[PDB]
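Take a look at the following structure, please.
Of the protein chains in this complex, all but one are displayed in their positions.
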Amino acid sequence: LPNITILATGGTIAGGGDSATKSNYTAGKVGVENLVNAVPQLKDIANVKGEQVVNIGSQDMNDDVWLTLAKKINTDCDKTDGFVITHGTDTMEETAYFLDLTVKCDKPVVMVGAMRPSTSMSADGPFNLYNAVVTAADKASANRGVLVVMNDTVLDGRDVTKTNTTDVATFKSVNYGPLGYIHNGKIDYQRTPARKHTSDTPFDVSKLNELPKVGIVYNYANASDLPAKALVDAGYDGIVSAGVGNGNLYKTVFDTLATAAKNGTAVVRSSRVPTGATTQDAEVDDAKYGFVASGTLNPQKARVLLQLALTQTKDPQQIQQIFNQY
Amino acid sequence: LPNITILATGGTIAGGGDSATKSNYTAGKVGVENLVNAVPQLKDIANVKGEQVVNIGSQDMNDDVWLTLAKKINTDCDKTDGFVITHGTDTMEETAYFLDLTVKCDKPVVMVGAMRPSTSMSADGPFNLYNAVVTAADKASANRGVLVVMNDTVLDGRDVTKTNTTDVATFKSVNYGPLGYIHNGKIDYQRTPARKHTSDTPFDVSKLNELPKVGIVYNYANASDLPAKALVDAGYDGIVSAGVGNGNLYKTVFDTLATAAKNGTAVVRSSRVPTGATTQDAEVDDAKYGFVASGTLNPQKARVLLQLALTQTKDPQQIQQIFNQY
Amino acid sequence: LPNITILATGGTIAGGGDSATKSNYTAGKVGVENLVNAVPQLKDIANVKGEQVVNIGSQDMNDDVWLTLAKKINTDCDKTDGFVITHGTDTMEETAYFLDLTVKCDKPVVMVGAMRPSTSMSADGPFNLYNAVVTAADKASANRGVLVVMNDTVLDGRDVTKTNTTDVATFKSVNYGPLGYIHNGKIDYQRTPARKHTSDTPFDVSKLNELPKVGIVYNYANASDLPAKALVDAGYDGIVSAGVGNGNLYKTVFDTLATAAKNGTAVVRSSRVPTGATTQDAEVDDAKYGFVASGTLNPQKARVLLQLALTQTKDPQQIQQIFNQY
Partner (left out) sequence: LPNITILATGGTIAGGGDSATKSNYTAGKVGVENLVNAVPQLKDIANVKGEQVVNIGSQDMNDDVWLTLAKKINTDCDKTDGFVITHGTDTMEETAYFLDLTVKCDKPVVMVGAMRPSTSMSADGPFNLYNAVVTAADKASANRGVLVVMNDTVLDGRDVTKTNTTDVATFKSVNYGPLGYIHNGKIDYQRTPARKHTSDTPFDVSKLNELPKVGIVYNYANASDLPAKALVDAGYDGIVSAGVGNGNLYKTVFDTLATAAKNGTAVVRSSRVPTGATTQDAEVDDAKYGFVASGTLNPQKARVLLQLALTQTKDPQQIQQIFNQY
């Protein structure tokens, strides 16, 4: 049986409430070996080893843990046959894309969480964690970039996103679809991500202890330019605009980010709209203002790429190319 | 034939590019009578009169235009049999909910836009505008609150939202579904919004020239508390948190909004997640920090209600009740 | 606590299997007592009387079980506070609609099943049962017709359909959306069905012990009319066509059915297309051939309403108006 290392970071998959019937719970309580012992059938499909990296609710995920996960996955890559990362659902779509771009290891990395706590009735963590190692063990899962496995479905780390606040079926690749479906511990893979990932990227965080500062501003009717200017005043390396519609900006935010871009801040236009690309050649003349168009990357995903792009260049057209390739 | 007044504000429905084949265009160019003359079959179903309120791209929509629209709709209510508001798609879901809560007139108000410019091949504006007056003319459309009509579908102004950056079918009531479908100028209505609206609300903006200041902060891995503190320092009456998952907050943003709430700022927890409620009784003790849980209201919709709630009270539990009722 | 009668008919919620990690299992085998005992937390919210009606896979469901269920509910209506029906998921949408038209009890009737069998890992049946009882217990669930509660969602019996072959979240009201969502044992209702149901229908199943025979025929490329004739030589009271697109029929099947509509057998146009209404005034002149267009009712749900409409009149224009109101 393959060697599968589990890397625990926290989440509701490791959370607990005082009742199987009530909704109140605290996140990231359960230790990693407790998670594994709850699913004794893991011994049938893999030889599992658990390591605790952190134990937090993923609403507190940060640059520090991202670097830690990437380096540990890269350096211990030949010690095991695959990795499963237990993680909170709240930001798992951010971590999954960050590792998608910084993991040089060639063996499958699968992220899992749970939408119901360990203690809840019909908790989903157990079958989720099982199906994650079924995926990390499958040699067919290799060469697909970093994966997210939830609700009997394998999802690529670029497009996967949390679509619903409470539903067990919340995670979807809302733009390009899942890579394959899990039935009875077997996977029928019919897709792979075309965008470049893992060792195919030039992002090397192995010597990095920081990440460039990138923030996100929201656009809406009558939006304040103060969030944008606060990030400008703090000397942020990049700002991601969660625009309206096809990446559009309220006029005052427009004015602020246009000025920051000419004075050196990298500005990426994404959108609050849950599906579809922020394109070029719509209402905003990106070439003129040195803006970068995020494509199908939502704001928090656009932040992941813009941070890593900023470790390579500060030229907007170089960054636009990175946003067209990864 | 019924009297239908069209109130034009701008949008891509009134936008133009130099080619039916290229995607570049400027928004809010076309005058309101030009829109009507493009659809001469309007004369078959209604006696239409057009008035120009503004001509902007709805990414620039603001409190000023909202007040103007509400007052004009309220005071001219008995002059016509129905209203159709042509409007940009980018923020139409915000205007539609604002009018949903401030319109005292009892006759149908229908908002329309277009995802392709007037000049584009297979432009959608014409049939959209037609189907909007078909809806404003139908007496069955009354008593349903303010409506949004797009792609042969009637949508309630609370739940309707822009789901895709470019698709003609972008607008959906992603939580509770549409009220009815349009076929051949007839509507088969099978639903109506349970939440209270229009004259059933206590919101009266008829003497108001301002709206309370409410901003929106985004949550993500490693999020800066600077947007939140900038809005605090400006003395904002309310802040809407676009949380992660079920309304959760990054720890530093948490700290800032908890403090603002105890010192008088109204704080509403919404979510970046495109569907589903930000509930109470999950990970955040709302009663303790005087936070308000937004339910199914997304951040920009939660801003609309919190602004209007702030014209009635500053007590968090009074505001939570408003968020449970409207 | 309220008195809740659980009526058990089988399903994979009562389904077996030799292993929590394998899919091979048998359906409709566990009894209602073992189902109730498996969820002891029912004892705190409701007073559940388990009654076994039959114990079958719902793929083998039929008119008999339908009739007995409708009778049993109407008879026992005033000796309980609500009903829960445990059912297989394959045909749950048809039973739910049948009872949605036949039951005359004005108290909640809620159906529930499970997509994973009792013995599987992370099995969904227990929380499903719990939430179904919560809904049957809720005062607000009355007067909304027969309900289906699955995956934390309350779905009206008319529009609810099985959307996916294996997903725990398979049930959706794909046309008009759900009625409300269940969180922490509380429901927030924001919709009710507009079509007449339960108590305001004219159907009366009380005396009948057999139901007019209606079959279903599938349109496709190079469709054979052998199934369509097979049902008319056997003298079926009516046929429902699973047409292509907007309820259109192939060459052969069109002719066989146009013969039939004139010589007695009432035929109904529905569609194999999972969402959207079969409209009249499209390609097919229903008035010319005496056809009936089903609207949003899919084929298995069109058969339910025709069977029953055939117990009232065989006039096509009489039937169409029942399809426009129920």
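Brief remarks on what is shown
A, B and C label the chains in the order they appear, each numbered from 1.
Simple rule for what comes next: contacts are C-beta pairs under 8 Å (C-beta built on N, C-alpha and C of every residue); 3 or more make two chains touch, one makes a residue touch a chain.
Touching the missing chain, out of B:168, B:194, B:208 or B:258, is residue B:168. In the complete complex, the residue from B:12, B:58 or B:128 that touches the missing chain is B:128. Note on the undisplayed chain: of the listed residues C:44, C:200 or C:283, the one touching it is C:283.
Within the set B:22, B:79, B:139 or B:262, the residue that contacts the chain not displayed is B:22.
Considering A:178, A:215 or A:316, the position touching the chain not shown turns out to be A:178 (whole complex).
Looking at subunit C, the residues touching the absent chain are 22-27, 57-63, 66, 88-91, 94-95, 162-167, 170, 211, 213, 215-224, 226-227, 229-231, 234, 236, 242-251, 271-279, 281-283, 299-300, 303. Although one chain is hidden here, its contacts on subunit A can still be listed: residues 173, 175-178, 181, 183-184, 188-195, 276-277, 279-281, 295.
Hidden from this view is one chain, which touches subunit B at 20-24, 39, 41, 44, 116, 120-128, 130, 151-152, 166-169, 181, 183-185.
Note that only the chains that are shown with their structure count from here on.
In terms of their C-alpha centroids, the spacing between subunit A and subunit C amounts to 40 Å. Note: centroid distance subunit B to subunit C, computed from Cα atoms, is 36 Å. The distance from the centre of subunit A to the centre of subunit B, with each centre set as the mean of the Cα atoms, comes to 30 Å.
Each of residues 276-277, 279, 281 in subunit B touches at least two other chains.
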